[PDB]
Amino acid sequence: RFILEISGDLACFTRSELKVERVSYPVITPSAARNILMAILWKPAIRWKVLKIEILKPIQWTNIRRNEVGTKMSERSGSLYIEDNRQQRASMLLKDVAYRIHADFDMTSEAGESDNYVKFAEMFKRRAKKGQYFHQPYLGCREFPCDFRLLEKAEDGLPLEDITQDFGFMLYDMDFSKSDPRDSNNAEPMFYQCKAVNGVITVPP
Amino acid sequence: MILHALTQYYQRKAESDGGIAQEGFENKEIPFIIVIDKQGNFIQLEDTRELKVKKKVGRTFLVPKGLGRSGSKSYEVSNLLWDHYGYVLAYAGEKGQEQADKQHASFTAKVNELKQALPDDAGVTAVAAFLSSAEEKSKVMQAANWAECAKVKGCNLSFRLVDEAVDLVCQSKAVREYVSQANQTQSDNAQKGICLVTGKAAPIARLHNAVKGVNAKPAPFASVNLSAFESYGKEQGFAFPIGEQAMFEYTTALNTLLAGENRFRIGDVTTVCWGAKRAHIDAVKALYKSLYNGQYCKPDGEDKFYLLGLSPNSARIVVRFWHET
Amino acid sequence: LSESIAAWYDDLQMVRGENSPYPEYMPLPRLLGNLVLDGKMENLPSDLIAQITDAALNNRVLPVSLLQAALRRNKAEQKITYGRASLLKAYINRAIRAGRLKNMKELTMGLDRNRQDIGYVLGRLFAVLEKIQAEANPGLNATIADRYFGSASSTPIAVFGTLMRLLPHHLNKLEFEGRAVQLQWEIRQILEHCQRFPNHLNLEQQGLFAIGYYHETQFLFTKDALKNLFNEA
Amino acid sequence: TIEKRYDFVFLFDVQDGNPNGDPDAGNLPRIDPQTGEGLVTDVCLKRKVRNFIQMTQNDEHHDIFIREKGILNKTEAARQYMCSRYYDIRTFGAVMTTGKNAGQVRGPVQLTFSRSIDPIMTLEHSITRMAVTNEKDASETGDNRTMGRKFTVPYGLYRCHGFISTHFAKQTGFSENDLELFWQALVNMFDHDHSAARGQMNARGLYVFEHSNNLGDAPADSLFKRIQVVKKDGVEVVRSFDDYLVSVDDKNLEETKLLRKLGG
Amino acid sequence: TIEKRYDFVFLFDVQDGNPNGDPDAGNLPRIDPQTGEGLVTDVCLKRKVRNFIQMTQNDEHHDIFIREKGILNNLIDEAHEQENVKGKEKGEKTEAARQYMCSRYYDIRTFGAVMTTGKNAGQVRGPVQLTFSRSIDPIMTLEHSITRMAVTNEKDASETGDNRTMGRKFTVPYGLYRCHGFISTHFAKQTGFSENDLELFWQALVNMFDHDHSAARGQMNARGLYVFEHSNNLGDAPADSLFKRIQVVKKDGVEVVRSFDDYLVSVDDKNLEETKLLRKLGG
Amino acid sequence: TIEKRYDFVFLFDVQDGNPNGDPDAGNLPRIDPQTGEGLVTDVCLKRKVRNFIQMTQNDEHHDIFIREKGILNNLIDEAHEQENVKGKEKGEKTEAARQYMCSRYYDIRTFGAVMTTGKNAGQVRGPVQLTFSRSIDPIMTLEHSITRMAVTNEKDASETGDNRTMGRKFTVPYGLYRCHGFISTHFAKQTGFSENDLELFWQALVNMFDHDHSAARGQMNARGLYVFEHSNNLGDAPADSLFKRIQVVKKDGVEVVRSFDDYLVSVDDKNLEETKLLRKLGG
Amino acid sequence: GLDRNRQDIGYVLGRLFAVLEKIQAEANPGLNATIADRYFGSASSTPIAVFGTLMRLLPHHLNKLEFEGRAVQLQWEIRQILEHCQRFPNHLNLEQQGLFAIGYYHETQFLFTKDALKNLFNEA
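Chains as they are written, first to last, in the working numbering: chain A, 1062 to 1266; chain B, 19 to 343; chain C, 579 to 811; chain D, 2 to 265; chain E, 82 to 364; chain F, 82 to 364; chain G, 213 to 336.
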């Protein structure tokens, strides 16, 4: 078990139902937390798994529209010209976000020789207490920072003290079972949370 | 919560009997309606317009949904018993012929195959013999109120037999079974999952239904119309793992709650406010009823839910309103 | 959710003077369309008119773009009628009740004869100036508002330093000394609550300016409340 | 190929124009609907970097791929060719139709949504045009007019964060020359690109911190809390740089980190 | 086609009138609602340059684009019947029309023109680009209203006594504005901004407030124009470091300003001799 | 039409009288509340020139725009009722009506007028553009008052026979106001300001107060009129390099001015004979 | 709301103009215009050209008064106000214009009060 105080400027957890309009999630997506944990420290033997999702700041939705292109880069066309395929998509942001997520790690099948638990635990602890990471984490989109800090129990306040409202179906994690390494085709299943008296809990498959 | 609550309140309103679709239907505005007899023969060109200060395209009727016609090949879609104004008479105002003849050919082939798949149904015989007689379509143009149909875009020409005057050609006790069977057979043999707002089976839905109510033309809501918005190369389909049933449900809900009493223009935008009922808020729905009468009180019945707000753009829809509290 | 609707509609009731063609509860479509340039087509349908619901009916705070567009439309039309003043009040009391503004108190449904603020007394001064000028000259093709509203809400010193030379002459142009002394007592009681004209009005003063302007305009356009207030001097 | 991590904060001020408009509501500058500070996106910074790279090169080994129409108009082998050719591939990663991880690469250069410190006031002056674009309703014999609106900012100071790691530069090919070109662009990307809407945008402080380790021996929170940009004492509202106050903290990063001031 | 980057600071002064009337507040000079300093739009300077060129040039290969008289669509459609009537394909006819306009129009080569409102005929980014001009001190708006002894049409104020229709024609006692402008190199390459157009733009910025006058703008003058030219198409120093080196300030014996004698200028031609060229055309 | 652009500075001394009273401030002369300097609108000078031309001309092809007796819509309809009624097409009929008004009406050829309220007829500009007058030294107005022995109506009277309505008459002790005016060339070619109109305007500028005298106008006189004429249509010299050559200031131990002897004026005519001509008409 | 110890030229100028207008209004009963309705155009712009003549004519207004104790109290308050003024500058700032207007209106509101000036003079 590890407590991560993920907090940055804004957030934009793009949902799976509305992919054209990057609407942000009310909290931190479990897939986003897994990607953050992989960007902080990951090896072809570890498997980051989220457990408890917590909230530390009230929701502040800001209407922001992003202007993108509608053509992918390839070896066929040399240039794309964004002025031709300009699309004014939506990307609602969440001003001032903070999450003290509780997540640990397990083991995979392609470990081999480096399959230690305490070694990876102390490595992640040192990386969180010193500032080492393979890539800067993202809060739904690679445009906001994540001032992660290894906490011991509780160090910040939460606004959701009592029962508020459930978020319904949330994107858990993409199915990586029936997929070769460096996958390119899978699904995105969702799941139900529980009671929101201080966040949401992620039920493992 | 964005699309899950839509299906939730759609299923809630479906069991309350309030004029809503039921597997393969949609409330679409039909301007001029061509009333005929039992075996063809153009009888009259009825019109049910005259609503508010703006003359709309008639009154809303429950007709089977379509697969969208936005694109270059708008004639290969082949709708059921209703489409555009040029899909029956094969005449266009600004588009000309050529493309209008193929649309009429596809329409008559579809109605012929529907009559062959479902014989002895009265309503299908009229629509099958009217498009193949090649003699009443010219008399339809030489009617009384035909000059007011080619002056506006998006005209819908529907059919209706006699001996009813209350039941449309697509509402008789014969085509509803085929419509319900088509949604449980054609839209259930694609993929296996995984769904989103339901979590069960529900195959992957392709080409979302066009939502009409905010743009001058019917445009889809959540549909990647290009290629730089897909996930891992889904090519319009697997990017949003939403089932066909839930897609139809939320599209029909958005189409119904954008023309009735829940439709109000905030400002260069057409949104809709409704509660969880178990709505009757009597504060936001009556935005432009009269002169804002005294209705806000404390009836110890403040419902929850949120306020969904859709807005037009350049090709798709943008969601701006998002607040649960 | 109905409590938010109630807390948004109860404060919407302005003073509303007599002979007003607008009701006490202006519809939201026209209220949000009064912020356009010229027609209901070109506006800001997101951070402005498409956010009043999320800001009021959901117990939230108003953005700063609201105040920006409000002052822009105030300096555009050079006047405030029943179509803009009902939106500036949703920033002061909605922020003081939660906690995001500063230290000043909220407002009221009537004309507050105290407060001891900056924008409110300045707006009331501008409104009584406009009313005195309107009572002086009958046919007015352009009032002092249409000339000084380019900086009445921004830099009050750049407009009130030149407006004090026209007010005594406008009062002398009147055909009645009783009404003149009544307006003098009223503007004296208005500007008594002030302290000094600042160099520039901050973001928490343009809304107060518009609110005070509309309140004083509708109060002096009632019937004979000015003489009744002057009788107890 | 670089071997050290670079964490930089870039302070840029727009003087008379729109730093970043809101596509949601017309074209008003991006501002926070809560604290009032400007929320300038990093896509404008990326566009400025691309334009500066196109200007200062105009040749091979430094192409833009995603260029502008109004400015100029097996797997590992193709990826290596795209990296060695286009500079945007080494900058913001590689994204083609084919590849390993679904043909996607993050990239070393990763900017941040610029957030202001003081609440600014967007000036929306609805100007009028003495002509007509098309055959609208106002294009009659009376007065061919098309009244619009101009959005400007009196003084908007924003701070953009950026992190460049050598782990991604080893695969994308971001060498020391590429880093020097990126710095030279960041110094004058707003000076080489101007318009009637963006106006005048200048630089203030390019505070860079180079770490000895390949992953970074210092968190980002302490690095952000070190450089403090606040207001003065008697200054009420912003107007120019003489009203702000920037305070650095070079007494704690003198152990292993190296400080660089390529702007002020 | 020029090969160097140019950064020009234009310090001018208006003695009377409105440098840029605001459509919102009638015709008031757009002062900053943050401290009271004026802000002149760049479109005003562009139109003044256009008027000066029309007064001086008005010939071939140097258009200006009309204003009120004459619809812009008449010229938009006319530009298509030149060297690309049909033998260019719609996929690239926009670039050909843009090049033709750059070779024909002068305002397009200096700034540009929007034609994508119906038929895409070009989209020049804009080499020479100017910003809004700020002031050092908060100008004090005078606001001098005016009246008329008669009425134009048949308004309600047209009685038997005297139809007094009033007007609002504001003025400024003294306003020292400091505009900034930038000319790159790639945009001049893609358009064709040669040295002749550069010298014409310099002469326009030197003299334009004296050739284009009216009743609302009053008296607008020009004081100085400090231009920094880079040694190539690079940037050896930021624009803020080079603009603040030549700074103006208020007088140390008075607060209000009424003429150029109430200001003090200061230059610094010491560290500017690296790889830059300093020129002064206005003063 | 003329082919040169003229820039004339006119310094006139108003002795005891109101030159241009403030409208919203009753009738006191417009002054600067930030320094105490005097101000005079250019529209007052335009009206004085119009009155002088009306007193001198009184002939055909030189309309002066009548007083209140006659709605301007009637004059607009009379100008339209000519050779451009219907068969002319409004597109160029507007310009034809503008040309007819410039050839007939003198106010439109000199300054200009608006003819787009009721019936449109184009938007002319005008070559002659005047600016607001400014006082060198801060004037100290007196603001006098008078009294009438009779009363207007019975409401403003007394209760028996003591008829008195007081009075007011704001006057100036002394004021040397300097104004600037510009005559272009492109607008002159569009209107029709030839040499005859130029000579008429010069006569008006050298004699404008001596003809248009009023009870509140006072003893206004003209002191100096210095005109700079350029040999070409381009910008030979900026306005600041030519207006500062006519330096006006106060004397030694003179706190308040009374006549022209206390105002030290110096014309710097040493470096301007390169391509510019100077003429002292009023001086 | 009146600051007696402002130590600013604008406030004392405003209070002086206010008490001058008050004496002018109290001099004659039935009047049509006061000194503020004629001299305000240059009262704050050129104070030396307005206040001088105002307080030079003020002896005649005091002679045309009715009560002597009221005139004594008015002169005492005028001197107490001018205590915070050392000279009359010919040029005034915009902030000084605003301070002048504020002080003038505050002094008018304070003087129009029934029981106030007498209570202030009681502690002299």
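No wet-lab data here; the hints were simulated from the structure. A virtual CB, placed ideally from N, CA and C, is assigned to each residue, including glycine. There may be inaccurate statements among the hints.
Calculated cross-link-like contacts (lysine-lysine; reagent style BS3-like; alpha-carbon spacing at most 25 Å) [to be verified]:
no.: 1; chain 1: D; residue 1: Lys252; chain 2: D; residue 2: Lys262
no.: 2; chain 1: B; residue 1: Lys73; chain 2: D; residue 2: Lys101
no.: 3; chain 1: E; residue 1: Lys200; chain 2: B; residue 2: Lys113
no.: 4; chain 1: D; residue 1: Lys233; chain 2: A; residue 2: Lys1190
no.: 5; chain 1: E; residue 1: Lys331; chain 2: D; residue 2: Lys233
no.: 6; chain 1: D; residue 1: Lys262; chain 2: A; residue 2: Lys1104
no.: 7; chain 1: D; residue 1: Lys137; chain 2: E; residue 2: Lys361
no.: 8; chain 1: A; residue 1: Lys1239; chain 2: B; residue 2: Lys252
no.: 9; chain 1: A; residue 1: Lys1180; chain 2: A; residue 2: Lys1118
no.: 10; chain 1: A; residue 1: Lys1110; chain 2: D; residue 2: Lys101
no.: 11; chain 1: E; residue 1: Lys361; chain 2: F; residue 2: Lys325
no.: 12; chain 1: E; residue 1: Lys150; chain 2: F; residue 2: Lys174
no.: 13; chain 1: B; residue 1: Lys252; chain 2: B; residue 2: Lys70
no.: 14; chain 1: B; residue 1: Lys70; chain 2: B; residue 2: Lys133
no.: 15; chain 1: D; residue 1: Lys151; chain 2: C; residue 2: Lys657
no.: 16; chain 1: B; residue 1: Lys155; chain 2: B; residue 2: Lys133
no.: 17; chain 1: G; residue 1: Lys234; chain 2: G; residue 2: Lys326
no.: 18; chain 1: B; residue 1: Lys230; chain 2: B; residue 2: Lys72
no.: 19; chain 1: C; residue 1: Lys801; chain 2: C; residue 2: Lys683
no.: 20; chain 1: E; residue 1: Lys200; chain 2: D; residue 2: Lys232
no.: 21; chain 1: E; residue 1: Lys361; chain 2: B; residue 2: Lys171
no.: 22; chain 1: F; residue 1: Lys150; chain 2: F; residue 2: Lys85
no.: 23; chain 1: B; residue 1: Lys120; chain 2: B; residue 2: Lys73
no.: 24; chain 1: B; residue 1: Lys252; chain 2: D; residue 2: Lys101
no.: 25; chain 1: G; residue 1: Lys276; chain 2: G; residue 2: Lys326
no.: 26; chain 1: A; residue 1: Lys1190; chain 2: A; residue 2: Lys1118
no.: 27; chain 1: B; residue 1: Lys171; chain 2: B; residue 2: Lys73
no.: 28; chain 1: D; residue 1: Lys262; chain 2: A; residue 2: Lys1118
no.: 29; chain 1: E; residue 1: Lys325; chain 2: D; residue 2: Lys262
no.: 30; chain 1: B; residue 1: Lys235; chain 2: B; residue 2: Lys74
no.: 31; chain 1: A; residue 1: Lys1156; chain 2: B; residue 2: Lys120
Some chain E residues judged to face chain F by a derived CB distance under 7 Å, without partners named [stated by the list, open to error]:
no.: 32; residue: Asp97
no.: 33; residue: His142
no.: 34; residue: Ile145
no.: 35; residue: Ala160
no.: 36; residue: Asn201
no.: 37; residue: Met230
no.: 38; residue: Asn234
no.: 39; residue: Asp237
no.: 40; residue: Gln271
Now the hints, each set against the structure:
no. : hint                    : in the structure
1   : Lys252(D) x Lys262(D)   : 15 Å, holds
2   : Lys73(B) x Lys101(D)    : 57 Å, violated
3   : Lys200(E) x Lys113(B)   : 20 Å, holds
4   : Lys233(D) x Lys1190(A)  : 34 Å, violated
5   : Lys331(E) x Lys233(D)   : 21 Å, holds
6   : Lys262(D) x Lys1104(A)  : 36 Å, violated
7   : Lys137(D) x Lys361(E)   : 46 Å, violated
8   : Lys1239(A) x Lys252(B)  : 17 Å, holds
9   : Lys1180(A) x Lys1118(A) : 33 Å, violated
10  : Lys1110(A) x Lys101(D)  : 23 Å, holds
11  : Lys361(E) x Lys325(F)   : 19 Å, holds
12  : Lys150(E) x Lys174(F)   : 11 Å, holds
13  : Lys252(B) x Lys70(B)    : 44 Å, violated
14  : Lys70(B) x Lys133(B)    : 39 Å, violated
15  : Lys151(D) x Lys657(C)   : 21 Å, holds
16  : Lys155(B) x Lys133(B)   : 20 Å, holds
17  : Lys234(G) x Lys326(G)   : 14 Å, holds
18  : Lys230(B) x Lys72(B)    : 17 Å, holds
19  : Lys801(C) x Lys683(C)   : 30 Å, violated
20  : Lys200(E) x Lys232(D)   : 49 Å, violated
21  : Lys361(E) x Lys171(B)   : 62 Å, violated
22  : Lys150(F) x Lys85(F)    : 38 Å, violated
23  : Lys120(B) x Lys73(B)    : 31 Å, violated
24  : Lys252(B) x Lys101(D)   : 17 Å, holds
25  : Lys276(G) x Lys326(G)   : 22 Å, holds
26  : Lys1190(A) x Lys1118(A) : 23 Å, holds
27  : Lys171(B) x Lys73(B)    : 13 Å, holds
28  : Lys262(D) x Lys1118(A)  : 35 Å, violated
29  : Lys325(E) x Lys262(D)   : 19 Å, holds
30  : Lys235(B) x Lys74(B)    : 14 Å, holds
31  : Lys1156(A) x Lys120(B)  : 53 Å, violated
32  : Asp97                   : 4 Å, holds
33  : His142                  : 18 Å, violated
34  : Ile145                  : 11 Å, violated
35  : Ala160                  : 20 Å, violated
36  : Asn201                  : 27 Å, violated
37  : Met230                  : 6 Å, holds
38  : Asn234                  : 5 Å, holds
39  : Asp237                  : 14 Å, violated
40  : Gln271                  : 29 Å, violated
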